[PDB]
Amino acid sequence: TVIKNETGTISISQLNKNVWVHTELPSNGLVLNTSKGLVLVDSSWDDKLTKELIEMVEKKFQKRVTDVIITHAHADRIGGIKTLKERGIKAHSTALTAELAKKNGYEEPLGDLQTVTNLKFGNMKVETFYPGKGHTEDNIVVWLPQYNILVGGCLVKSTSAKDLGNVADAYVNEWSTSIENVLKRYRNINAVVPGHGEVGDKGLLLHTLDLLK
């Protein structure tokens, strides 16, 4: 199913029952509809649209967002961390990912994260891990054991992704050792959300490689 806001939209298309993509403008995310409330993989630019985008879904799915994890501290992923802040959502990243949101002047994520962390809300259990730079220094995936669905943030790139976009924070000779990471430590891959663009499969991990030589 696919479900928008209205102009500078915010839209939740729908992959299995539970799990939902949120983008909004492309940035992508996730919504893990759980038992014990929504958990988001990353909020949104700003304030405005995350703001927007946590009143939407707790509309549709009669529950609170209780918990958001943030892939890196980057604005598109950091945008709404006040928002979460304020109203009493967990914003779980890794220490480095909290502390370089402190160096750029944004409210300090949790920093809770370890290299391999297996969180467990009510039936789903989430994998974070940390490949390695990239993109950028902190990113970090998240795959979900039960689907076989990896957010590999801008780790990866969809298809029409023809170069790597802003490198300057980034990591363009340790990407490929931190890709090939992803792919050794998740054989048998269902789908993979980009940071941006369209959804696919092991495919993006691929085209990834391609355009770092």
The other form holds:
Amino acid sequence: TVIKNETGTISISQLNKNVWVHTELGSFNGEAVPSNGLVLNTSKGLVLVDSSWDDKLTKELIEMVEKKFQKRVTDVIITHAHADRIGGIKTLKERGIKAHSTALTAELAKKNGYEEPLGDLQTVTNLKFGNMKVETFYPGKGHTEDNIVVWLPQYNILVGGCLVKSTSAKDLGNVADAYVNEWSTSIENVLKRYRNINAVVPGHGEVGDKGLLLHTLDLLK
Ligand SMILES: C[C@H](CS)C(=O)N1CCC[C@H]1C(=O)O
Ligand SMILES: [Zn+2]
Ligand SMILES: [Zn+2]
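Can you swap the form solved without L-captopril (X8Z) for the form deposited with L-captopril (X8Z) bound?
Zooming out: every chain and molecule, the one shown earlier first.
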């Protein structure tokens, strides 16, 4: 099941009964650039993994999911301090939506002029929202110094975020903020921690499996 807004700039795609991928198009130099996160439909509200490029898109994403699922967005996990992830932080804060992050992500957000998420996540943090279990894991530096992954142990779904490249990505993209001698080790740390993975959601591009991790390793050669 895929559901879209009018222009198609926001889309939600169902992985299972309570887990959807959200995808938004940002516009840069005339080019549409998609970005993915997660929508978790829990008994106590909606939880997102990541916001979107800006506040306009974040507001519309929130409004779409609250209407559809008939409950409020209560929490967002921000997986690094780039605009695709954190661009909607003003909206989250003013609506009273909790914005979780590592301390480092919050430190980088502040340095770069964004409002700050909570800085509450550790190297491993286990959260529960209603019956939905969520683990966050900092595997080390890669796409950025601060990138984290999110694991849903009830589904063995990994949100790789922008640490993990989709099959369609043929290069590493912008590496200004990346750690290209460490990114492989960080990917290996993910593979070590999660030895049995169903889906892997990359930050940009199509959902895949463990193969996306191996693809990212190959791109780093
Ligand atoms: C703006 C995002 C932040 S993760 C980005 O760097 N992307 C998005 C797609 C690839 C890569 C790039 O521009 O090189
Ligand atoms: Zn990024
Ligand atoms: Zn990204």
